[PDB]
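This document opens with one chain alone, in structure tokens, the form deposited without the named molecule.
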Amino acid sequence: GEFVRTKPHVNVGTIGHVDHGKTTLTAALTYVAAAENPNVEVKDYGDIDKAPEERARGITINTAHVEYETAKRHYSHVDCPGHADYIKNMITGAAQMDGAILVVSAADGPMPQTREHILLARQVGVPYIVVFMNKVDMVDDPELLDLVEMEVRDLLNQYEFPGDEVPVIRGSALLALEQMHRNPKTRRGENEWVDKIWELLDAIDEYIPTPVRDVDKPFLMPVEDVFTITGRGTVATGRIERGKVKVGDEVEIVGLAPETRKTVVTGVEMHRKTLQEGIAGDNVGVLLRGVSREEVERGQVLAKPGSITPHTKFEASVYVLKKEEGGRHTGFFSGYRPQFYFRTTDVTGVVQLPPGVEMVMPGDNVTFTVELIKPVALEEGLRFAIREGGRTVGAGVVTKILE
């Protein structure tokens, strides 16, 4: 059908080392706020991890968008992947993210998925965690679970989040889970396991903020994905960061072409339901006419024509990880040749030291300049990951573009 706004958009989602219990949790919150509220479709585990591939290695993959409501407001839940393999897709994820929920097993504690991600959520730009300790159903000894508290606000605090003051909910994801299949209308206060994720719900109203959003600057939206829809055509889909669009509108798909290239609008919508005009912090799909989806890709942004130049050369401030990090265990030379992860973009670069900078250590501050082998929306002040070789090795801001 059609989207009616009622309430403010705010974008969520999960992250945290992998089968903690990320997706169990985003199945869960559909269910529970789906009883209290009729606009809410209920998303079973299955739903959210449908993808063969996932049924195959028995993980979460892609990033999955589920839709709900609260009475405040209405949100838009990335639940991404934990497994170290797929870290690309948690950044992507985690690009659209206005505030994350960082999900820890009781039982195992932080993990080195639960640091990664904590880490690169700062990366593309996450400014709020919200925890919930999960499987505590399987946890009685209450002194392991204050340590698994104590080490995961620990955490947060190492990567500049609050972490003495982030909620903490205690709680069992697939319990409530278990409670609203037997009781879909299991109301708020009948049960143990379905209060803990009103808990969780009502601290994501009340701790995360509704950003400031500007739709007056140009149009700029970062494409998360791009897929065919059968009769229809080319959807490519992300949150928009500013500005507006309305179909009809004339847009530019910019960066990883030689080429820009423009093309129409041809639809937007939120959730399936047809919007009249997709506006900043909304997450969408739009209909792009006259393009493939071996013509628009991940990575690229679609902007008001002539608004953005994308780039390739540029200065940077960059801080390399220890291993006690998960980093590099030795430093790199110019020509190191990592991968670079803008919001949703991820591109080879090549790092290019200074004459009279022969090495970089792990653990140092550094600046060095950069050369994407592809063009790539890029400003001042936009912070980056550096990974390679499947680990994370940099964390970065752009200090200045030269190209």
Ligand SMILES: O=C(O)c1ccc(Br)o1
Second form
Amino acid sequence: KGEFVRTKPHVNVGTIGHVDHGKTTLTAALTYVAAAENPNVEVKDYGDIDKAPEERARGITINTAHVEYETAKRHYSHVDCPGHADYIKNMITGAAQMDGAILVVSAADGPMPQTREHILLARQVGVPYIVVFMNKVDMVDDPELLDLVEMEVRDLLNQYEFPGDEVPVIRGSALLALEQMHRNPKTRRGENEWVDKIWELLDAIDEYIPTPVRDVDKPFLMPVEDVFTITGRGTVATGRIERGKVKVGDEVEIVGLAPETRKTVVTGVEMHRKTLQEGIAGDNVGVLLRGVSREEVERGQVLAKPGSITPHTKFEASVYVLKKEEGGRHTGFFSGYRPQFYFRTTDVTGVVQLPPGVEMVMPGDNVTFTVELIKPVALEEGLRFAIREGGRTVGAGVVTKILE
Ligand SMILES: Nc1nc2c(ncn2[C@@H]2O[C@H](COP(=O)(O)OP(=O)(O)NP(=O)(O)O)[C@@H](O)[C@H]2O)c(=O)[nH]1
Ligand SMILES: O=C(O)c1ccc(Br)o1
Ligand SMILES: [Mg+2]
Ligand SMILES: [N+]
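Form deposited without the named molecule done, so how does the form solved in complex with the named molecule look?
Next comes the full complex, this chain leading.
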């Protein structure tokens, strides 16, 4: 829709939470509610978000979706994540883009295993703040149950070092708000009970999730979240720009996952299908890459200023191994354990090598060991990561030292 005009600060948010708790319905409601007060917002219905044939077939979100909305204060890109246990990988890549997450929890069900898992994982890809939306209150008459659900959620957040007692917990119905906006798309704040709860959420997002300190002077770095072919344009890599700036005509390097880095020229930069003169740190963009196909760039690589990043394969890490009560392993593991490691949008198999004398690591252990990744990836000291294996989260770590 033409050129992107920067009128206000930009923040990346998104929806996480257990399967079916109402993330996508809420995402759609946010677009409709905000669109009444700001005509730059294009509304997105439920089927515009869960749009893929496989999402229709399976009846769940599978792919992250990005939607745009804005308030008087700020412009938002919103990443809606799947809740299903089998699509955690996609959720991780989504959370890796968020400056703050909206944790959706059904009032009728309370916190559930992916409520816990998403909180834990959001932390490990750097989500700094969480707002809670307690959804489906239209289904729950009993005030006592609502208070219990809120108490449990606040306590759950405390377990993962979020300020659980301080987070806003907004109670409402994404569906009833969305219904009201369908019957009157011009419904303004103060007119409807359910719509006003969405405004309470928007207010909490505005005021509780700060605009991050970003650095546009450091070398360009954009973790790639997705890649696709646009008919008649070419290959687009999407992602949140971590730092620096990118302009059409810039040479960039595609770093990680391949034996060697390759260079390409950026031939387009857009945010929400609007042309950007310059992509800057924080922007949620699509970057058109010349001379590469969608088989030559992939999720988990990073786009970088040429020569600015050396990818790595081997590192030391401080790792907490989840207890089974946290959805972790029942039993311990040995050197040669071979799980998946998640750094930002990157997912890669790695080999655990314990010190001489450390035979075994048990659930509950805080331990240090060495990991050798099977492919090079953009890494740095202090970077947090998650460890998963066999479809479950088994560990949380931070890179302490880069060895190679
Ligand atoms: N009664 C009621 N039902 C709701 C509400 N919000 C969502 N639902 C229902 O809950 C179901 C799941 O909604 P959905 O938005 O797809 O949830 P999700 O969290 O995005 N699912 P997933 O984890 O697969 O992405 C749908 O049947 C939807 O109609 C609400 O406020 N009230
Ligand atoms: O359709 C897209 O998402 C797109 C096209 C060109 C760019 Br850059 O992003
Ligand atoms: Mg969904
Ligand atoms: N989706």
